[PDB]
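Colleague: Here's the letter readout for the chains.
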Amino acid sequence: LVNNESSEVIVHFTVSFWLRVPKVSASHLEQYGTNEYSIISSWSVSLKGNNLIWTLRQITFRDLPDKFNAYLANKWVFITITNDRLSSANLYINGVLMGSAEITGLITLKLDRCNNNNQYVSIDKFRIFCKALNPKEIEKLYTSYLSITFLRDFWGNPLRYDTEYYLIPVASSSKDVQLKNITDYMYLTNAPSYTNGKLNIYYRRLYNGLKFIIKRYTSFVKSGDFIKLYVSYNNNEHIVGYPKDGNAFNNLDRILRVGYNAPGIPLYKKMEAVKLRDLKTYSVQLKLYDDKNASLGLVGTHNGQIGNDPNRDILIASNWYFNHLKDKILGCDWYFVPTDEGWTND
Amino acid sequence: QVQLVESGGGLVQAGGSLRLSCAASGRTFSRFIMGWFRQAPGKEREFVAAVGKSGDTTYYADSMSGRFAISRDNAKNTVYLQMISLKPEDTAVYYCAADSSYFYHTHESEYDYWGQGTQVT
Amino acid sequence: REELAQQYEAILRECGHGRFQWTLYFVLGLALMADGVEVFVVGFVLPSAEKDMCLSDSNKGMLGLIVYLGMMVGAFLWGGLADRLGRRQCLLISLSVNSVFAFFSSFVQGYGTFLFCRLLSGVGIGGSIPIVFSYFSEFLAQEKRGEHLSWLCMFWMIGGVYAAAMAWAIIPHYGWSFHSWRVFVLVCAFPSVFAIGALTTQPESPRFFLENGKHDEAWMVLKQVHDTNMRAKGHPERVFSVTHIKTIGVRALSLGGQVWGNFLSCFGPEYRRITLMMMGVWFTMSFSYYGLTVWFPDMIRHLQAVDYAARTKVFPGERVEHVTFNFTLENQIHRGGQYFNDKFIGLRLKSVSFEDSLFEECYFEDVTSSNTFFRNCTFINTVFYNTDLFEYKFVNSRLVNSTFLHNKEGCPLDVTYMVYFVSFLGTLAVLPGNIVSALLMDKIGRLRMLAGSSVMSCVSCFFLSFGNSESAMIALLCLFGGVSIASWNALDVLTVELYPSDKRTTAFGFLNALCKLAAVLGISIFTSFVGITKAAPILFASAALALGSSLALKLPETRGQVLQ
Ligand SMILES: *[C@@H]1O[C@H](CO[C@@H]2O[C@@H](C)[C@@H](O)[C@@H](O)[C@@H]2O)[C@@H](O[C@@H]2O[C@H](CO)[C@@H](O)[C@H](O)[C@H]2NC(C)=O)[C@H](O)[C@H]1NC(C)=O
Ligand SMILES: C=CCCCCCCCCCO[C@@H]1O[C@H](CO)[C@@H](O[C@H]2O[C@H](CO)[C@@H](O)[C@H](O)[C@H]2O)[C@H](O)[C@H]1O
Ligand SMILES: *[C@@H]1O[C@H](CO)[C@@H](O[C@@H]2O[C@H](CO)[C@@H](O)[C@H](O)[C@H]2NC(C)=O)[C@H](O)[C@H]1NC(C)=O
Ligand SMILES: *[C@@H]1O[C@H](CO)[C@@H](O)[C@H](O)[C@H]1NC(C)=O
Ligand SMILES: CC[C@@H](C(N)=O)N1CCCC1=O
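Chains as they are written, first to last, in the entry's author numbering: chain C, 925 to 936, 950 to 979, 991 to 1004, 1012 to 1061, 1070 to 1181, 1188 to 1315; chain D, 4 to 124; chain A, 145 to 321, 330 to 400, 421 to 588, 595 to 742.
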């Protein structure tokens, strides 16, 4: 839905739907911070600054200060707003109760009362149940919509081949991936960050580092598929892979190499894109096979010192991660963050 | 005692450019924070600009960044103050001072030595 | 001269080794312990005293070398004076000077007066080895003397470990406040006090009296030594039937002439070759030993610095607006940042650098920086209230409309546990070498043991390149220290047995002064090798020890012979 007089949807308890609110700029937030514009009205749903409001009694949920993990950022989220007339109303985001109000004693989908021409919010899967959902129902609903039919990028959109992506480790999100030299290793580095105390918002710049590509071995990325990963560098694609009998940490944490070209040596460049853990998050795990169909191990990182270079986090493809799939946080998960017009660094 | 003398003044047409050279004496010259002060008719001395003990860092007063440029040459044992876009307001006697302290200072009391001063119309 | 020695050897050979020799061993090991403590006092104190006393690198070097210069002067002075006046009296005077000036060195504030006090303390302690080894050589028979003098050097390491332990247990209490290191110096000045406390209760050596034609005093001293030993030996009944031994402003000029004559007689026709060979041996061994022992810790520190540099982390492209920070940072680099309208209150920094940043309308307050710099930074309308940011902390920066207010006071200089542990390890690693040398000096021989230890050290020097890690340097230093000590024990035993009794303290003292002089030059040369090829110290220390070994082999033999 765009801020246009011709962009409307008209249709002739509880309410659920998917929402994607593009991030608000610092200047826009400073100027249009108090103006309230609604998105779905009948009760009503409106957005004011970094606040999502439910209008009946009223409810106001404040977005988290960290825009990287915030809900009103460019990411897709699931909103459930229970309305139990007998007792109260409870609001769930991604099957999480973020608040509620005591409503005791008490369809148009378009941007109304908005003075910004760049305000556009996407709404999908609008449903209106005839009762009040409990925690189990909300959990079931959120699980029902998310599946393993296809991988997803950072914003929730399905992955596509022939598209530039930025890889961001899930465990350590404040680091970017850099390449030392051609036919050499890649290491993680700190990423530039933005912080504003007056507006109480901060995050990390999301468009620096290596630019990768996922290409067919031989138009959406499907789970458990065989792919070749190329790194764009100076307007040229460099294949990613682990050369035969290459250097590694502890003899088993094989260190991957980019654009490796050594005559008389074989280079493994077959990977499998899979989603093995955290079905509720948008992360991708990559396996790196060999020419004999063996599994070298999922792509990860290890801390060490290669030569005289300073101690860093070297991208490796170790097989150790398969033994700790039950861990709360694992270092084998990445975010593919393609450039999007709903996120611009302040 | 370091002896300072300034030269390079002289009447300048409006909007012109001019340079002043402040030459010191004695081996001990890299141990002072050089400065430049000016005294307009009827006003007290006002700090204008200053340069560090190695010529790397500069220290400009309010509104003096852009018209005044200060630099020092350790080899020749001298200091340069380049002025451009001179207006009638910039009529004064520009003094050259030396400070032995380890901090940048604008007050005239803190500065130890002084120069004879030269007239710039 | 040769007839008197034969008789004197018989008196000690008949009476035997009793309580007197052991008592003297302990009350002289106390003085050697005092020397071993005094050698490390300035070394352990520089890191802590560098802040209070406003010391620079040149001052650190001068403080390092002042102790050796003082010892150099003192060795010659007390060695010369001991022959004319005696051994007990000159040892008392030298140690009293040491204790007094070491005590006055703790309540000193200025740097120049501290340097003067340490110099005079070194002058006082310089006369320990010459007088101690000589004065104890005259109570030992030729049946077993090389062994007995070797155990006498076991107290130097006792002094070293005492100093290291006190440094570990007193210095780190930084919160005492006069700070702790002064209390450490005061504690380290006690062994000299015990030395005077014990030494006043022992007699003057008989030999000095016999050589000065004061045979009655020698007779009574030998009577005392006989009585003390017979009081608790197997046979206490035998009476000292030995009769008398064979008889053979102005004062300032007389002593000056006598000391000069004694020193010159060492270069006579009969003691020319011996003196030259001993000069060469002492010089070369001292050079290599001090060069390596001061070179190892510097290499360890250099490797630690390299590791610290390798541990640094970078933070590029940070933008901040309207935020307050009060959290400490250490070993970080911030490049290309933009800060507007921020505040920094109670900030502490250590080895933190800021490059290509930009500060506008900021405000600093109570910030202390150590090894912190601003490179290519720009400041606009920034306020510095009560800050330690000196002029040199900004490199290639530009300040516009900024101001410093209520600037902190203190030392303008920028430089405002492992050492103790390494020093303790070396001082303990010198033990087995001492034990083997003591047990085998009289069996193998002075000359053979000296040559073997010197060549072994020269060969072991070649394995310096084999160790590159921090752990390897400690093992290499321990190996070198533990195997080279026998060379010095053999040299101390050899220098005593060569010269006659009339010159032994002058001759030993002159050569000890040369030892300290060579130590200073070796320290100065070896400290600059760091940052250069590793083969240079190997070559220098190998050539020096080789020259020492050849000259040492060319000396004569002294085993099994009366101490003439
Ligand atoms: C150059 O700086 C002066 C001084 O800044 C003020 O005093 C400092 C010590 C510190 O407290 C700053 O925050 C202060 O602003 C500026 O003079 C002030 O300008 C402001 C502008 O809003 C004005 O409100 C104040 O009254 C002024 N103070 C005085 C004493 O006159 C000056 O504006 C700066 N110049 C430029 C070109 O930016
Ligand atoms: C003399 C002065 C030298 C100049 C010093 C400049 C140093 C720049 C400091 C950059 C650090 O910026 C700071 O990083 C942390 C994350 O690590 C951010 O996030 C933090 O914000 C809040 C502040 O408590 C909290 O939520 C958390 O602590 C953290 O999320 C801060 O919002 C940001 O303000
Ligand atoms: C000091 O920092 C400035 C930036 O503040 C550097 O100049 C920039 O250099 C980059 C890289 O070439 C250019 O893209 C920018 O346009 C430059 N900025 C300006 C304002 O000129 C400068 O090179 C740095 N100096 C040193 C010695 O490192
Ligand atoms: C820094 O400020 C925070 C926030 O007020 C406070 O909790 C903390 O104790 C402060 N630190 C110090 C060392 O005063
Ligand atoms: C010069 C005196 C000699 C000793 N035996 O006391 N030594 C050996 C260790 C270092 C030293 O000075």
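Accuracy of the hints is not assured; some may be wrong.
Stated by the list, open to error - Rough simulated footprint, nothing fancy, chain A against chain D, three-plus residues with beta-carbon under 8 Å:
1) 38 to 46
2) 81 to 91
Claimed, not checked - Straight-line distance between alpha carbons at most 25 Å, and here's what the computed DMTMM-like set of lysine to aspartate or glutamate pairs gives:
3) A/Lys580 to D/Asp76
4) D/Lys56 to A/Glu527
5) A/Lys288 to A/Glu356
6) C/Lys1138 to A/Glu490
Claimed, not checked - Label pairs and their computed distance ranges (CB to CB):
7) A/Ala721 to C/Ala1231: 25 to 31 Å
8) A/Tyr535 to C/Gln968: 42 to 48 Å
9) A/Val478 to C/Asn1292: 35 to 41 Å
10) C/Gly1160 to D/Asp59: 54 to 60 Å
11) A/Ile703 to C/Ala1263: 57 to 63 Å
12) D/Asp59 to A/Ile703: 48 to 54 Å
13) D/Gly13 to A/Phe497: 46 to 52 Å
14) D/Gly13 to A/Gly508: 42 to 48 Å
15) C/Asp1247 to A/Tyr535: 40 to 46 Å
16) A/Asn513 to C/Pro1232: 26 to 32 Å
17) C/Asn1216 to D/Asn77: 32 to 38 Å
18) A/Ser542 to C/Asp1260: 41 to 47 Å
19) A/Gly508 to C/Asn1216: 44 to 50 Å
Since the hints were made in silico from the structure, they are not lab data. Every residue gets a Cβ at the ideal spot worked out from N, C-alpha and C, and that includes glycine.
Colleague: Indicate, hint by hint, whether the structure satisfies it.
Modeller: Quick rundown of the hints versus the structure:
A count of 0 residues in the segment 38 to 46 of chain D with a Cβ less than 8 Å from any Cβ of chain A is obtained; the coverage claim is therefore unmet, three being the minimum. Three residues within the 8 Å Cβ limit are the bar, and the segment 81 to 91 of chain D against chain A gives 0, so the coverage statement is violated. A C-alpha spacing of about 30 Å is found between A/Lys580 and D/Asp76, which places the hinted pair above 25 Å, so the restraint is violated. Only pairs whose Cα atoms come within 25 Å are accepted, and D/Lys56 paired with A/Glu527 is accepted, the gap being roughly 20 Å.
With a C-alpha separation of about 22 Å, the suggested pairing of A/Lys288 with A/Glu356 holds against the 25 Å cut-off. For the proposed pair C/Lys1138 and A/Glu490, the alpha carbon gap of about 13 Å is at most 25 Å, so the pair holds. The hinted window of 25 to 31 Å between A/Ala721 and C/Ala1231 is violated, with their beta carbons roughly 47 Å apart. About 27 Å separates the C-beta atoms of A/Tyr535 and C/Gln968, a value inconsistent with the hinted range of 42 to 48 Å.
The hinted range of 35 to 41 Å is satisfied by A/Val478 and C/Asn1292, whose Cβ atoms lie roughly 36 Å apart. For C/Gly1160 and D/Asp59, the hinted distance range of 54 to 60 Å is not satisfied, since their beta carbons lie about 32 Å from each other. Roughly 59 Å separates the CB atoms of A/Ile703 and C/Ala1263, a value that falls within the hinted 57 to 63 Å. The given range of 48 to 54 Å is broken by D/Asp59 and A/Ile703, whose C-beta atoms sit roughly 34 Å from each other.
Evaluation of the 46 to 52 Å hint for D/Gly13 and A/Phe497 yields a pass: the beta carbon distance comes to about 51 Å. Taken as a hint, the range 42 to 48 Å holds for the pair D/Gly13 and A/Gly508, whose Cβ atoms sit roughly 44 Å apart. As the Cβ distance of C/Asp1247 to A/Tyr535 is approximately 44 Å, the hint placing it in 40 to 46 Å holds. Taking 26 to 32 Å as the suggested C-beta distance range, the pair A/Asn513 and C/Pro1232 does not conform, at roughly 58 Å.
The beta-carbon spacing between C/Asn1216 and D/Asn77, approximately 49 Å, falls outside the hinted interval of 32 to 38 Å. The hint said 41 to 47 Å for the Cβ distance between A/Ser542 and C/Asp1260, and at roughly 55 Å that hint is violated. Take A/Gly508 and C/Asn1216: their Cβ atoms lie about 33 Å apart, and the range 44 to 50 Å is violated.
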